[PDB]
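Listed here are the chains, written in short residue letters.
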Amino acid sequence: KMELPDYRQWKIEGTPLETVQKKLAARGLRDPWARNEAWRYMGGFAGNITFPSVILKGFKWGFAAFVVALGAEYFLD
Amino acid sequence: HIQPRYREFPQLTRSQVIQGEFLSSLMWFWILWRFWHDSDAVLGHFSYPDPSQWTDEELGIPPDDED
Amino acid sequence: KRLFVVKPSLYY
Amino acid sequence: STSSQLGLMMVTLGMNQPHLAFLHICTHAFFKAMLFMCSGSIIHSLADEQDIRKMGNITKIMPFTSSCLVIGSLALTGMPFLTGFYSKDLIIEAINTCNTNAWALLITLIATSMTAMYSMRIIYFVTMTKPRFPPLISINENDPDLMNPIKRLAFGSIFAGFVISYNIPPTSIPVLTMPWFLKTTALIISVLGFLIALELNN
Amino acid sequence: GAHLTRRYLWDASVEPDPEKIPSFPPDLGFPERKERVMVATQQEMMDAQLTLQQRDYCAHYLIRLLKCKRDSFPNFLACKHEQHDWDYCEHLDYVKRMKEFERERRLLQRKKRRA
Amino acid sequence: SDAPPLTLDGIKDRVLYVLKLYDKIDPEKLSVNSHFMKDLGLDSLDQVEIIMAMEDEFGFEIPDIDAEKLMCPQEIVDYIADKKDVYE
Amino acid sequence: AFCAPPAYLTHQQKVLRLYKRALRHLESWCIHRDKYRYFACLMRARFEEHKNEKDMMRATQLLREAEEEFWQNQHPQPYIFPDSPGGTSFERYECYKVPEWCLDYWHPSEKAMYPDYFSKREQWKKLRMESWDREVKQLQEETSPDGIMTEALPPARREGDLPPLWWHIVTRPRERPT
Amino acid sequence: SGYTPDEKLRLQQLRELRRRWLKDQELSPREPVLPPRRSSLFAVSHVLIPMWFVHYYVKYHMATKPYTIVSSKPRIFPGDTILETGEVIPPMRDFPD
Amino acid sequence: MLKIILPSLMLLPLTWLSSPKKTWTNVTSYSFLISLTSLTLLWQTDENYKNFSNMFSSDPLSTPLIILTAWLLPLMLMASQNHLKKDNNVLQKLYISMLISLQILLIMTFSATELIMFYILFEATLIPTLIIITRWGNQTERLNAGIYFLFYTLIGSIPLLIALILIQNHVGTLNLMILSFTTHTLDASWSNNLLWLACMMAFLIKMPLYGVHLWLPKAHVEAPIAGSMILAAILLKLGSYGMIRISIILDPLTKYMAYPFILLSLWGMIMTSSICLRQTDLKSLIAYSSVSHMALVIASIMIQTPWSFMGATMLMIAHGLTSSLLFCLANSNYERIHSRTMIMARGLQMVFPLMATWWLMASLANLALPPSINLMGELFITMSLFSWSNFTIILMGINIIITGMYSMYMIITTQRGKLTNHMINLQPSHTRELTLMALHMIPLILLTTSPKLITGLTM
Amino acid sequence: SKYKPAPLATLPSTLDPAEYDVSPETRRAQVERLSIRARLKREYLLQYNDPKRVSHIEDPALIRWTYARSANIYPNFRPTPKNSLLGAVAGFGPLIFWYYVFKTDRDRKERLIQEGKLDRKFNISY
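In order, the protein sequences belong to chains k, j, h, L, o, U, n, i, M and m. Going by the authors' numbering, the first residue of the first sequence is number 18, and it counts up by one from there. Going by the authors' numbering, the first residue of the second sequence is number 6, and it counts up by one from there. Going by the authors' numbering, the first residue of the third sequence is number 6, and it counts up by one from there. Going by the authors' numbering, the first residue of the fourth sequence is number 305, and it counts up by one from there. Going by the authors' numbering, the first residue of the fifth sequence is number 1, and it counts up by one from there. Going by the authors' numbering, the first residue of the sixth sequence is number 1, and it counts up by one from there. Going by the authors' numbering, the first residue of the seventh sequence is number 1, and it counts up by one from there. Those letters in the eighth sequence? Residues 1 to 37, 65 to 124, per the authors' numbering, in order. Going by the authors' numbering, the first residue of the ninth sequence is number 1, and it counts up by one from there. Going by the authors' numbering, the first residue of the tenth sequence is number 3, and it counts up by one from there.
A few of these clues could be false.
[Said to hold, decoys possible] Straight-line alpha carbon distances no greater than 25 Å define the calculated BS3-like cross-link-like pairs of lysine-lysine that follow:
1. L:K364 - L:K455
2. o:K111 - o:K20
3. h:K12 - n:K125
4. o:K111 - o:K96
5. n:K97 - n:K51
6. U:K38 - h:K6
7. i:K100 - n:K97
8. n:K51 - U:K38
9. o:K80 - o:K67
10. i:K92 - n:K120
11. M:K452 - M:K50
12. M:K22 - M:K85
13. U:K83 - M:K418
14. M:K418 - n:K97
15. o:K67 - i:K23
16. U:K24 - n:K20
17. n:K20 - m:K4
18. n:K35 - L:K358
19. n:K51 - h:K12
[To be verified] Negatives, chain n to chain U, calculated, CB over 12 Å:
20. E48
21. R64
22. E142
[To be verified] Chain k residues, not near chain j, derived (Cβ > 12 Å throughout):
23. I29
24. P33
25. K40
None of these hints come from the bench; they were simulated from the model. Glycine is no exception: its CB is placed at the ideal position from the N, C-alpha and C atoms.
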């Protein structure tokens, strides 16, 4: 079966949930469910997928092979 | 054959990651090959002349003084 | 694990 | 998107350019079907969910499907030297280089911009944000029935326009001498659409 | 373009109408004119099975191109030089058409300042 | 049909998980047969959110006429089990 | 689905269902989870403010003003869980939900392939034939003579008796039969 | 708010009944009884024989009948050599460019 | 022709002198064999029509109708075995005899060279039909239905008899070969116009028209399955055959005496096809579709162009087959639930998967799905009318739309949707009714393969 | 900009003042309706669960619907100045219109045909 991680590791700290909790508790309000949405920003999800990282995905080796074939076509003439 | 995880990021098989990486790298290699060899398709590559940089003598309109 | 799938009589 | 491309094909048929419309017909199927099949993989994995609001990042969790989807969206847009370019470029050229109704020209350019826009909408709400889908993960995209057809369609979406356009006979006569701001206009349009959608979503 | 901002406003009268070109005789200037020469003969273009849209004083480079494409098969990447020659001739024809357009525009200016 | 089949113990574990992640509750005093409004000192506007979270967790929706009747988490488990035809 | 709605809808129930619909449409607007959490805390604040308002005249007026505000700024394309009314997979499997009596017309050849199943089935059918009259009388003997009914069913008070009208809740085809 | 004591017992009874029924829907290994029980030859079996019959049909019925197969005339180019007649199309007059 | 009629007679002693158990098998088999024998009429190797005597003949128009009439008898017998299973032997034999007499009289009518034999038999086809309806129908409206069916037809036919007798007194013979070579322009006058009316209105009421069509749905609704089949397939074709035969002697009065009827038909087509949407009774739906279809036949025959006659013949044959099929399909479900309402049984694709393909194929033939011959007729009629006036295609097209609409509605709300779980009495499909649908459908495939047979005299 | 109902786009019953009613007569009506509906539900389920049932369940409401939409019409029909006029137009208006349409088109045609000036180059089949 599937074992469930420990419910206690889900911490607001280190996410935009912290910013939201602060903006809320400023005016006296607290977000209880905050922790149930935490895994979406922790672990391997923790990060930021920016537009260039997606488009240019594979540009490195593509450029490398482009250079390889360009040099080969120079060698061959 | 997978292990369905809960609230956690799963591990990936080398197959899919490498195959998508290869597809994208192939796309970019093609876009660079065709661009270096054939750049005269996205850009003009035929000088669009100036219709105002021509010479009446070369078009035909006479002096207009008297003709 | 396997389950009986209910179906009409397709003999006829 | 398909309805929009059909409208564009009819535009092409309006300025006496049928062969171009058919070439777009042939080049469009590749990336459009690859797009549908990437969507179908995503839907089969996320338990019939079809609403981008509950999709989230798909790069990390489906890199292959995601790369194929990006290739499809690019081919749908200009993205020079893919399958879509070799038709849509000449479409835009013919429309902006013929005695056409100005309103049609204008809204066609606007619609290419919007093409880039909603392509980016998909790429954003499905490939670049953080998860909104349920917490249990039952994702699998390793079955060879899912990968081989998609990658064949990807090879298509990449090379097929070049291949065809170079193997076909010359049907019409393309106008190939126009100002810079008309030969580079489709690319400008798509790029501005990308940027505008990126800003609106951020 | 701007040929439209000068016509649809700001003295339409002195800008050309594309439907009627030329609207002045060829002898209004250019005392002598070498009527354009067409290399290719009708029989060549009929035998090569061209389209009426393709026989526009640039059919000879097009014939060389189709011949190259036939002989160089399945090497469809060859025949790229012949494509450039056809494109060049078509560009020159488009230049000549632009020249006719601008010539008529300038003649219209005369009728404005002659009166 | 690629998702692992649903089993009661898993349902209960995930429900208690979602609940422990609710800041207005004390994990120590939590169990099934526990009542939200009486044992756990909650109100109806919080039970609404509880059921919403159950939905977002299991990926389906529970009507209000039935949700209104869910106070003990064992009731939630039994509802989710009768809806998804689990028997073990 | 399993329960039958009452004659009329109380005020608290109205308020709870408004709360639910508002939070769902707000999730639909606030696509990102943090944004949604924030504006949901705000919405709960807006509700809890008038929570101890005892009067009813003003309570219903606030409720109707809230319904108006909700109909306004209402997401035209709100999220709808797939297997729920308006969803993609609403009745997508209602074509494979063949009832059980379709087996009473099966051919003995088709049956010989599933013998244990049909032995069990005959056991169940005997169970039903036995419990029928008892549950019928249990129903007829405990109908409130006040004259108003409630649509809800009673349980099996007596031991050894099965709950009345169970053969259609039980025997109900599964929810994803393939 | 909440299940009444009667509705709850009703649910419990219906529940044990349902969970017996569904358990009965479970199959035994011996059911269904189901009695009693060349690399790409598909190519041959599904291409070669069909090609044989189709070539027969075409060549001996469709051809051997008039105006059934009609081909746009093949392109002829200056410098080519017609085959049947051996005719040689003169090349083109020399370009001024 | 005797070789087709005398066997159809001896079928009767075969019906009565047979053991109660073997009475159905014998008659069914020998009726199939007679349908076979009727296939010699298709041996036409010339433009010279077959005259067998001074009384019996068969042209390319009558041969398809004769073959259809000889082929429908065994299908009716089969369809009529689930009901009558609890009736006495003598009643079953009487039913079979009614059907055989109908077959015989219809073969005669289509083989007749003279119009008086045609009229006598055209009218004799009322007795067995009325008997079938009123004696073996199930509801009380049997009787009003039979009354309508009798008296519309008779009030239309009497003037026809008067006009035939007038033509006799004027020309010397009512033979159809003679009246075609010995013809004269009809001077335009009110007398000859009333003659046209007399010659036409009997058939127009039998096709039927739009204004006079209420006798058809009452009958079909209140008629047992066999009566509905024969009626829809043949007893309407009767009027078109009569008009096609008799319109040669009414020239040129047909040029300006047609506008009323062309118009009524073109408009009632739309009206009836629209009725077929808001209609609770499946049989009434089929009947109104039949009316919508026969309107085209009437218009076509009125404009009397070759394309028109051809399309009319094709549509007659195809509509007969497909309407008999649809009534068989409806009665299939009727025998289970004993209700004609199309809303009660609305998930029958989850129990009868194969019988649904018959529904699908029929409703596709009901609408014009090509290359069906239900479509070639409609298409050539559309073309003839367009040539007549280019403004007919408007109504033709909206009729097409409505046709697709109500056929799809039929099959959706009958087969597709959620099954009615309380219908525990939905026994699986009988091999017999499945054979019925197969026998109705396969001939459509075969005709679509060889349409040269159902074109008519014009081609 | 608040909602304005329409015969198709109706009122969602949450902007209807008849649902926000605590009146005891209204609630008595609601209770009577639920009583009727539960009575009918039990009468239907006692058949739907009867294991001594071998036939479908007859619905008399549907029978009434059909008897009313087909057979109860003419007896409950009496002529009126509105009924008669709507019938007259619905029957003889489209006919008149299309008659004049076809007549004009065909007169114009046949005129050109007798006169000439109308070409039918390759019409061969009509």
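Hints, one by one, checked against the model:
no., hint, result
1, L:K364 - L:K455, "holds (19 Å)"
2, o:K111 - o:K20, "holds (17 Å)"
3, h:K12 - n:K125, "holds (18 Å)"
4, o:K111 - o:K96, "holds (23 Å)"
5, n:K97 - n:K51, "violated (45 Å)"
6, U:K38 - h:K6, "violated (40 Å)"
7, i:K100 - n:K97, "violated (62 Å)"
8, n:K51 - U:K38, "holds (19 Å)"
9, o:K80 - o:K67, "holds (12 Å)"
10, i:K92 - n:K120, "violated (70 Å)"
11, M:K452 - M:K50, "holds (17 Å)"
12, M:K22 - M:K85, "holds (14 Å)"
13, U:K83 - M:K418, "holds (19 Å)"
14, M:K418 - n:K97, "holds (9 Å)"
15, o:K67 - i:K23, "violated (77 Å)"
16, U:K24 - n:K20, "holds (19 Å)"
17, n:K20 - m:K4, "holds (22 Å)"
18, n:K35 - L:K358, "holds (15 Å)"
19, n:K51 - h:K12, "violated (54 Å)"
20, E48, "violated (7 Å)"
21, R64, "holds (19 Å)"
22, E142, "holds (22 Å)"
23, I29, "holds (15 Å)"
24, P33, "holds (18 Å)"
25, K40, "holds (25 Å)"
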